[PDB]
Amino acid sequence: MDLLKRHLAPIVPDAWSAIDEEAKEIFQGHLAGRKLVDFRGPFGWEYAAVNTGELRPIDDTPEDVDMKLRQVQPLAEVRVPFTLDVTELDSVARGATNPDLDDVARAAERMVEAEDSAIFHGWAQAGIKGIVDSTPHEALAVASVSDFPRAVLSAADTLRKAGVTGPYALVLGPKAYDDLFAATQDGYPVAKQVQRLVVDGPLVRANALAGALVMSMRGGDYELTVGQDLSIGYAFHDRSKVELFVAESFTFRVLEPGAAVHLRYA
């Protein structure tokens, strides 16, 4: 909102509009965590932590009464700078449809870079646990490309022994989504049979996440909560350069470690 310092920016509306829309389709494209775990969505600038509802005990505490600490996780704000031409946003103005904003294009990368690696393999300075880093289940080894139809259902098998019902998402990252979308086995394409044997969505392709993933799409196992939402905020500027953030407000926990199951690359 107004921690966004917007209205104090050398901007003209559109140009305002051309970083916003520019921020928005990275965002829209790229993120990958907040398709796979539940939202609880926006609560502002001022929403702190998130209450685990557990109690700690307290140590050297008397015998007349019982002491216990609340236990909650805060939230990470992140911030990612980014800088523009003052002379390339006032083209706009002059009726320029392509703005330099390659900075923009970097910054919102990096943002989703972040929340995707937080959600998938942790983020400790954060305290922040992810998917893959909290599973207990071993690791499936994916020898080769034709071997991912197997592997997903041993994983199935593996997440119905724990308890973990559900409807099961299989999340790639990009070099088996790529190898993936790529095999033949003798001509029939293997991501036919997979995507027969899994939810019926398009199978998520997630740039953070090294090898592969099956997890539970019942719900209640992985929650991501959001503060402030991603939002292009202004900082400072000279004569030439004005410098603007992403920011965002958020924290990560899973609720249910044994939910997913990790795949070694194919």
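Residue numbers count along the first chain shown, from 1. We call the rigid core whatever largest set of C-alpha positions still superposes within 1.5 Å between the two forms. First, how it differs from the form deposited in another entry.
With the core held fixed by superposition, the comparison between the two forms singles out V190 as the only member of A118, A76, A107, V190 whose CA moves by at least 2 angstroms. With the core superposed, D200 shows a C-alpha displacement of at least 2 Å between the two forms.
Show the other one: the form deposited in another entry, since we just had the form deposited in one PDB entry.
Below you will find a single chain and nothing else.
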């Protein structure tokens, strides 16, 4: 019996499989940050913090003693509750193939929002700095949907100016993806040109990213550490409802702040 306590839930194994599949497909579809940054872990429930290898001096020390404190980045544990109907889960045992698992998708996208919002725009209460809020480069102000094929090159230029090599991925927020994929130049494709621009770089949709972003896929620049990977656990149940949660433990580090350029309002 681990912390998920799944054997205590009034849920048949096939209903557990259905819940897990729903969450898994949502996560594989929507986790923007995980498909860009470098990935450490998972290390389990007792991994508490990432060792940075840095030391910080302590001022009030005697003359005969040199003392320094080791610097570490603690992980955040995130739990998103959701509820399911017990009868809907029971129907799986009678051969039902489409039980109502709406709240599973809701909780999974809430977890996706939490993780990607931390990765891109930081999370100050967790001591995390995002990719966007840590870049020293000036944010290109894109004026219209047709300025993107220019802007990216400019951003890419900046990346190779500062010394950041490697394929450059384009990350599009909600409006940017909508406007640049609902567009067509009288038959001639535009998004095809967009992928043609980036040298074997991926183009990814991030629902939590405001605006757009161009960032290196070189590696060693952005680091997501996961202690406990995305899991479904059981909390409680009444006669008719069962309370579950999505759980994860993670932290994110910006190793090289200059490997990305932000593109403002699409």
